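Below, in C-alpha cells: the form deposited without the partner chain, a single chain.
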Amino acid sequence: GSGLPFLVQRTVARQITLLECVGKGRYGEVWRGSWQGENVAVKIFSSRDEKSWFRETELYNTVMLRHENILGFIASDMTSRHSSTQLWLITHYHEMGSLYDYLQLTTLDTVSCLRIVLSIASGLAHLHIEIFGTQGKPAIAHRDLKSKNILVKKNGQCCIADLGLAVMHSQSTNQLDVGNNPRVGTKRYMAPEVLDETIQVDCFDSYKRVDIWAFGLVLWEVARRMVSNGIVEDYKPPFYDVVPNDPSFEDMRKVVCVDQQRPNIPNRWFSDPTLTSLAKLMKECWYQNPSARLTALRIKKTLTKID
C-alpha cells in the first residue's frame, strides 16, 4: 500500500502520543501526534464521516499512492484512546496546515504563487492518470477538491488531502463506485453538471472534469493573494459575494447554471504577466461544457511554462 509495512501500521497507533489538537470540525478532529519523537498528523473521524474513514483506508491500502503532492499516508486504525474506540487516519504532519488557512495569514509573490498551483496540478494529474502494470494505479477522481483539502509544506509546495470521497476507475474493470447522489462534495465548489444533476454518473471522465472545475476555483483563491505592485486582494472563498455562507444547491444553481456566473477577475491582474496567464487558465477550467475544460496534465504543462 501507501504506508508502513501493515504489520507496522497496526503497532503505530499504539506508539503514538497525541500532543495538540490543531483542527476540529464536523469531520472530527486533527491532532499533531508524535511517533518515536517525530510529528504525525492524526485525523480522528466523527461518526458522521466514519464511512469516509473507511473508504480512504481501503484506498490508500489497495493503491500505493506515493507522490510529493499527495498527502503521505502512514497508517489507519480503529484504536482506543481514553477508553473510547476511535477511527484514526495517520499521515505526514504539515505544520503550515491547510491552504485555506494559509492564504488568510500571508501573501504570495510570483514564485510562491506558481509553486502552490503547480504542485496542486501535479498532484491532481497523478491522481487522475491511470497507470497500467503491477506497480501502477487506477485513475482517481478526488470529488472534494478545495483549499481546505490541500496542505502547505514548509518549502512552499502543497499536497492534496482527503480521499474519503474519491472514486477509482481501472480501464479494465467496469462500474464506478459513485453511489447515492452525485452531490457529495462541497456545494460552493460544485460544477454545473453536479448542481443540476445532469452529470453522466457512469462516465469516469465526468468526475475528472468536475475536479478541474474545482481546481479552477482554487487557482482563483490563490491568485488573489499574489502581490503585484504592492497590490493584493483579501482572501475570499469562491462566489463569496454572490452566495451566502453554507449556500444551498438552489443558490449555486442560479449563479453557475442559470446565470453561468464565474468568480470575478480583479482588474489589477491584467497589470501582471503571471496573473494574466492564470486568469486565462482558470477560465479554461470553468467552461460550462465539461468536455471543453483542460485536463490536469494540460494545466500542469501551462503552469510549467509560466514564469
The other form holds:
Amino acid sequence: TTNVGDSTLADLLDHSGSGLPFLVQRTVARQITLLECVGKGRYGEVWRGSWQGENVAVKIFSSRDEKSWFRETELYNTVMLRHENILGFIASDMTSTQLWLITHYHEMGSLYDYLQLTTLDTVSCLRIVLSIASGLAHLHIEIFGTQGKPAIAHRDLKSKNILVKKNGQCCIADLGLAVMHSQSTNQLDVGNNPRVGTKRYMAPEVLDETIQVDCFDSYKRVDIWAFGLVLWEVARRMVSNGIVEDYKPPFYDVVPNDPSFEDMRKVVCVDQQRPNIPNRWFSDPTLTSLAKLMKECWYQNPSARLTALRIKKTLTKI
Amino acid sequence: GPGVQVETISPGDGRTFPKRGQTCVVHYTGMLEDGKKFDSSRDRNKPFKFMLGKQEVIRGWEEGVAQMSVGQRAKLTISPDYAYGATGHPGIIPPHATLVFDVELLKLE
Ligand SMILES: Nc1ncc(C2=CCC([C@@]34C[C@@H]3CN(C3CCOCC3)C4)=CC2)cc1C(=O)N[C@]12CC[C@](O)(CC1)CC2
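Moving on from the form deposited without the partner chain, kindly provide the form solved in complex with the partner chain as a structure.
Every chain and every other molecule in the complex is listed next, the one we just looked at coming first.
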C-alpha cells in the first residue's frame, strides 16, 4: 500500500500558515477514513480518523456553529501557530454542507473527562497547570518578525477545551472565538462569530457586559479569569495527605447544570462569589501556592489580574 | 470547457491524456488574480499527486488537467464556482476568487 514518494503528515507539515500546504489540505481531508466518534458538543462532533495509517482528529461542525469553523480555519491559516501546548492544526475542508477541521489526535481525551477518571500527584498536577499556562502565554504574547505571530486571546478557555497529551502535558484547543491584535497597526481583529463563551466560565465583566470590547487587553483578562477556574478544577484532584476532592465544575454548589447568564451573573457579579478553597489545601505547599495563584486570577477589577506569563513563571518555581 | 481556461506554456506529448482512476503527478504554482502566490509545490521541491475522478482537487483542476497531455505545462485560469466559491478558504482564498495555476503534468501513475 506504500508507494515511493509517499510522505507522512510530519513531512507534509514541514514547510504559509499552521497546517498543510493549501491544496494539500483538501486532498488529505478527502482521503481520511473516519473511525470512531470520540466527542460531541455545541460545536458538532469529533472523530478519530486515519490517513495513511496515522491517527488524526476530525471535527465536523454543526450547522449552528459554521462561523466558528470559519474563524478557527482563518486563524490557523493566517498565523503560524506551532507550539507543544496548542492543539496542532493539519487541515480545513468544506465538502449537505460539511465543514471539517482536522487536527492532531490526543488519545487521552479532554482534561474535563481525564479529571473524572483519575486523581493526580504533585508531578502530574504541576505538569498539567504549567503546560496550560505555557500555551496561554504563547497565545497572548506577540512575536515580531517573519517567524512571528500577532497576540491572540482565546475567549472560551475551559477544561473541555484542553486536551491531555500522551506525555501528561496539555494543549489548548478551539480557536473559533479567538481575537487577534498586532502592536504595529494597533489593529484588533475580533471577527464576525455571534458565539459567546461558556457561561460557567464567563468573567464578571462579560456577565455584566461592562467589558471594553475594543480593547485587546480586556480579552486577555477574561482568559486569565477562566484559567483560574481551570486551576481550581485541577487542584481539587491532586491528593495531599490521603485526601482528595471529587471532580466538580466551578460553581457546582450554587448554579444548576447548564446555568443561564442570569444564574452566573447573580453568583459572580451580584454576590461576588468565587470557588471555595478546601481547608486541606493549606496543609500542602503546592496547593497553598496554587490557591494563591487562583485568587490572583479572580479579582473583580480585570486590571488587577496577573498575566499568563506571570502565572507560567510562578508555576516554574514550584 | 466551462469554468477553466487552459493557456499552454510548453507542449506535452499530445497523446497521453489523463484517464479516470489514473494518478496525476504535477508541479504547480497557485496565485490570486492580482498575482499573489498562495501555494507552490515547486517551492517545496515536492510534486503533488491526485487521482482523477476522485474529487480530491477543485473541479477546475479535474477538468483542466484532463485536457493536458504528459509533459505539458499550462496556465489554468479557474472561475470561483469551479474552485472555492462563495466561501473561499478562510485565511487563504477570499470569497468569489478566480484562481490562476501554472501547472505541469509530470507523469501518470
Ligand atoms: N484533537 C482531539 N483528539 C482526541 C480527542 C479524543 C477525545 C476523547 C477520547 C476518548 C473517549 C475515548 C476513550 N478515551 C479514554 C480511554 C481510557 O484512557 C483514558 C481515555 C478517551 C479520545 C480522543 C478529542 C480531540 C478534540 O479535538 N476534542 C475537542 C473537544 C472540544 C473542542 O471544542 C476542542 C477539542 C472540539 C473537539
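Positions refer to the first chain, counted from 1. Take the two forms, find the largest set of C-alpha atoms that superpose within 1.5 Å, and that set is the rigid core.
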| query | finding |
| --- | --- |
| Residue among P237, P138, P182, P192 with C-alpha shift of 2 Å or more between these two forms, core superposed | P182 |
